[PDB]
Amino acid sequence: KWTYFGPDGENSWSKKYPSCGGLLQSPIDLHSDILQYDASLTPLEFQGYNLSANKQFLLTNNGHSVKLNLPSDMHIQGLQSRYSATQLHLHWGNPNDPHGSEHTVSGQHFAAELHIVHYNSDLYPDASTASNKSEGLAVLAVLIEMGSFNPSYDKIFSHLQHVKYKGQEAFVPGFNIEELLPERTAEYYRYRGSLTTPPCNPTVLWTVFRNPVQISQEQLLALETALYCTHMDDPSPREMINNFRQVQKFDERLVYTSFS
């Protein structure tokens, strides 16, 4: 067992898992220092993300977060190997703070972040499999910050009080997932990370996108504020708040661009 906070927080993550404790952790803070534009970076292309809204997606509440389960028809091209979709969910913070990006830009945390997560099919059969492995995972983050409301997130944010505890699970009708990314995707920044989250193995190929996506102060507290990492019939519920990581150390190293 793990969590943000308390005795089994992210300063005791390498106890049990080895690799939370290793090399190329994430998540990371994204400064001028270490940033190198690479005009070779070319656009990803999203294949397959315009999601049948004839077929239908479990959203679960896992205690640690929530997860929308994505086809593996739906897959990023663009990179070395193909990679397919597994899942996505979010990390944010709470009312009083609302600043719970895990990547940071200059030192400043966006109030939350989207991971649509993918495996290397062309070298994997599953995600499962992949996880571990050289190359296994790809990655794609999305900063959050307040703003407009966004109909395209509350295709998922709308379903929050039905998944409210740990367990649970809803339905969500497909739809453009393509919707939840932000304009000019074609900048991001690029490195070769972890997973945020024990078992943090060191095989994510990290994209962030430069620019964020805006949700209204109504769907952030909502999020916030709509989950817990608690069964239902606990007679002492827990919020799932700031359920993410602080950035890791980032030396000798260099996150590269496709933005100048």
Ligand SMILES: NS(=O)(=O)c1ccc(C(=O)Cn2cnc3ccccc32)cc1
Second form
Protein chains: 2
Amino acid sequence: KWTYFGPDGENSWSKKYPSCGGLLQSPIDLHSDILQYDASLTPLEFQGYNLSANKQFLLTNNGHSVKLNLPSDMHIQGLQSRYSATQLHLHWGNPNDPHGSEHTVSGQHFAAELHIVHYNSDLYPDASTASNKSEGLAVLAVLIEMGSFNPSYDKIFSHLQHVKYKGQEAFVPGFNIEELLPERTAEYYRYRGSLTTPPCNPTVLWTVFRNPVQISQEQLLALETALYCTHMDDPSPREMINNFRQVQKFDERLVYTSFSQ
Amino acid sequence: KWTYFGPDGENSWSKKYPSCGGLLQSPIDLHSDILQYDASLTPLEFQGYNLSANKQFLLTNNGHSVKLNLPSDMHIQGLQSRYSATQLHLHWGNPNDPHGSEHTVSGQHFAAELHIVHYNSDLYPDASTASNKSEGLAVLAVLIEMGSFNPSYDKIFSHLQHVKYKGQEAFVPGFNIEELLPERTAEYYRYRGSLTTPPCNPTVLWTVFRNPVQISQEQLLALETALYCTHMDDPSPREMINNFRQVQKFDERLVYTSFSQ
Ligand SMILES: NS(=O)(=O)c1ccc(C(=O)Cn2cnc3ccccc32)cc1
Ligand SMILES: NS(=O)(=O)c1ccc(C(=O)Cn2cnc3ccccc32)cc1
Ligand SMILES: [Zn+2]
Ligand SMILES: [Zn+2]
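How about the form deposited with this ligand bound, since we already have the form deposited without this ligand?
Below is the whole assembly, all chains and molecules, this chain first.
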């Protein structure tokens, strides 16, 4: 199975997952040469993000990240079709090199990155089916840097120790997922790309918000150190660290921005 | 038929060249978190680099770069064996994005990069034989930034229109190779890595000089527009552009520096 280190690492994903060596691959470096303002890029509206605190949502360690399952009444409004949420998850580095975003800005990594995965539910019945299809997926990406303690991110991080090993799960009480979004969500980068993990399907409409959020050093350390890739009884455990893909070449293409200034 | 673009591009090299998916890969991003000063990195000595102008050296387009063969009486001293020169070559971007170095520094590409490849002549008959043996190869890397015209690099670039196509060869009068190196060669980064092209053998001691050299926009444009990956009679020509690999995960390596600040 695929990993981010050793012989089954990212340069080897295209053996089993051929789209990982195809076109339109993400993530990419967002730098000024390739940015172009597009006034078509109006604000998205986040509907159904205030999750019932009387519902619970499943947190899982799937051996590659920590993921929270989201309900399909949560969706983005503002794109041509409605895209309904399926799950959120994160990517990060390690305590010796705590710069594990997937997208970079002017060559720089942020500390970590959150992805909120959605699929086109006007065209397709579930995310699985949409994933290899035209217009199938939309991912929101939030860049994370170190700064202030973030109570909202702690609504997820306080459950990490319950999902330390692969296959483990936890229930998280509903909270307002919009609290994980940064300031001025009107300001974003937009490009068509791919899933950043196998099968790397080139079917994602990316929205990367312009502004990062902050989490404290202790929150970033917990994310980096709480999880393993491996099942609890694996005699050779592997820490879940450095779970981000290297940036891909992105030639003769633009990233569109909703901001000029 | 590996390339830098499309189905046979770098995310697919591991399908035919297993070491490209193995550990210890180059190039890498040189950034503070993984740098450590090592006072035992004393200056290299360049001997036999001043090639006679009355002698001539073979320049060849190998389908992937342009290479100049170097004589075995050219060596680097300072390492724990003598390493003898075998060839130099370059990596670059394209006319609309002159940012094609292999190594990056704090996330930023340079315009291009020169590699001067050596093998341990104390231990091996030639560079082919040295290439699977632990530290059988030492490559020096010079970062190239867009700047002033460089008459020494022009001793190579003035021959480019004679090696436009794969397999073509030209003779370059000898000059002093040390003129291709930057200021303050005593300041360098050193690390254990690999060849940056197939077969990606993890058998290179890398020395990247701290300081770049400059060549002009016009010399970059000539390098970026003169050469083809394909033979003169190929009916699907491919321009030799963007012939650099993306940077690689560190795999727990540090990069040692001969300079402390
Ligand atoms: N990091 S990212 O936001 O780009 C991303 C989001 C979702 C996934 C998957 O769902 C992967 N996945 C897991 N099971 C799948 C079945 C079909 C297709 C994809 C499948 C992979 C990466
Ligand atoms: N860009 S770099 O300086 O890292 C580099 C330098 C040398 C080579 C080769 O010689 C490739 N090559 C070509 N034929 C070979 C036979 C054995 C081993 C390697 C062989 C590839 C990359
Ligand atoms: Zn993701
Ligand atoms: Zn090279």
